[PDB]
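Here's a solo chain for you in structure tokens, the form solved without its partner chain.
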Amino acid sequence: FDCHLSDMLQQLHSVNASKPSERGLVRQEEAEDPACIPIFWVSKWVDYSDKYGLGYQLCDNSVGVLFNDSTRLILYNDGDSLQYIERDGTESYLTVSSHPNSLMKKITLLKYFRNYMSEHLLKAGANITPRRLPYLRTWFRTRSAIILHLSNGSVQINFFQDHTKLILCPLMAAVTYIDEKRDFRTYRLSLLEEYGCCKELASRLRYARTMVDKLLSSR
């Protein structure tokens, strides 16, 4: 019932303990693994937690909302298919076109988020190779980042100051780093131990471990 957080914590401890930036010659590129490229990440997000919840877009162009009442609504990339998740985790599927009165408000909110993201926000990982839809399990913000935990076990950390991002997957035991210049690279964590990485990635992985600890401490 961990949603893979304990596995992620173990993987991060291992990489960080190896002190990957403290090497004579860092060979980060050797840690790149095409087999580990994530299928899903959060491309856009809108924090409306003061009243409604957290709206987001996944890289497949689906949109989701985690509402303040702990229910979730997901619109698939076809623009009509909906998945609704009740508080107890019970899922059901419906359509926008034939939606009931009970979901009128939540659909209206999802549409607001979708339109806002389309008109006013840039896609994280825009020019990336296209080659079960996860939802937002939980999230929080620190002074430096927003932490997004997806139902597939992935943890995404978006750093506010420089727009760098980590997408951590405990299934692949991998990290994808999106740098300030928007370069998108996927590494196997065990290979970062072996080959090393730059100080910038190493520092963000140290922060990531603290964030996973936070997720584990606030279940």
The other form holds:
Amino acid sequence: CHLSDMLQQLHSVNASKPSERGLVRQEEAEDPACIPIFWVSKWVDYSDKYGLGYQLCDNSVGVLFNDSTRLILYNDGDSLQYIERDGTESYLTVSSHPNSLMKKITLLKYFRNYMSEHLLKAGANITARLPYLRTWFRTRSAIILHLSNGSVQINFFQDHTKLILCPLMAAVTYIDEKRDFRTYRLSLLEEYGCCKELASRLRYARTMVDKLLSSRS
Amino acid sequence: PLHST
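Follow the form solved without its partner chain with the form solved in complex with its partner chain, if you could.
Expanding to the full complex; the earlier chain stays at the top.
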């Protein structure tokens, strides 16, 4: 998939030593035409029993269950997509679903209710089929989320900073500690450099992408 | 953490 492209893009920026070569002109790497369409605005890790629930920035929700199936609820509050482990998709609604999906729909509704009532929406200030969560994992320092549109999002726990990587735009959005949201073209970070903080996070991102590539299926 | 901010 496009993970290989993402890895190549990150190799290229990291190899350019963007924080170690003199005048850094990070602002000139910003490219508003690359702003992502979707990212994860909230998440709930209940994976010891059920799975990982999440909200996308369009107020849709989803769950990646521990059996590797997914349920997606569109922001209309009724339309549902069910995705099997193999990626096979079917459509239904909360109002009309097979009884076999009863338990999973109930769980989705609990996750949805929780993420409607609680937590801050990441990227809240910011305004193409709906992606689903292909896979995820967590380390001690971050949660890594891989969307079916090829995007990879990394949220760092301690300082609340976040990266949204898109291999189609070859771009990274960095959400900093003050929740400022800036989208950069990766090749322009090569061209113009960046601060050591972003540089360090892009090195970490490369390692996370290698982990995704080495743990497929 | 077990959920987001």
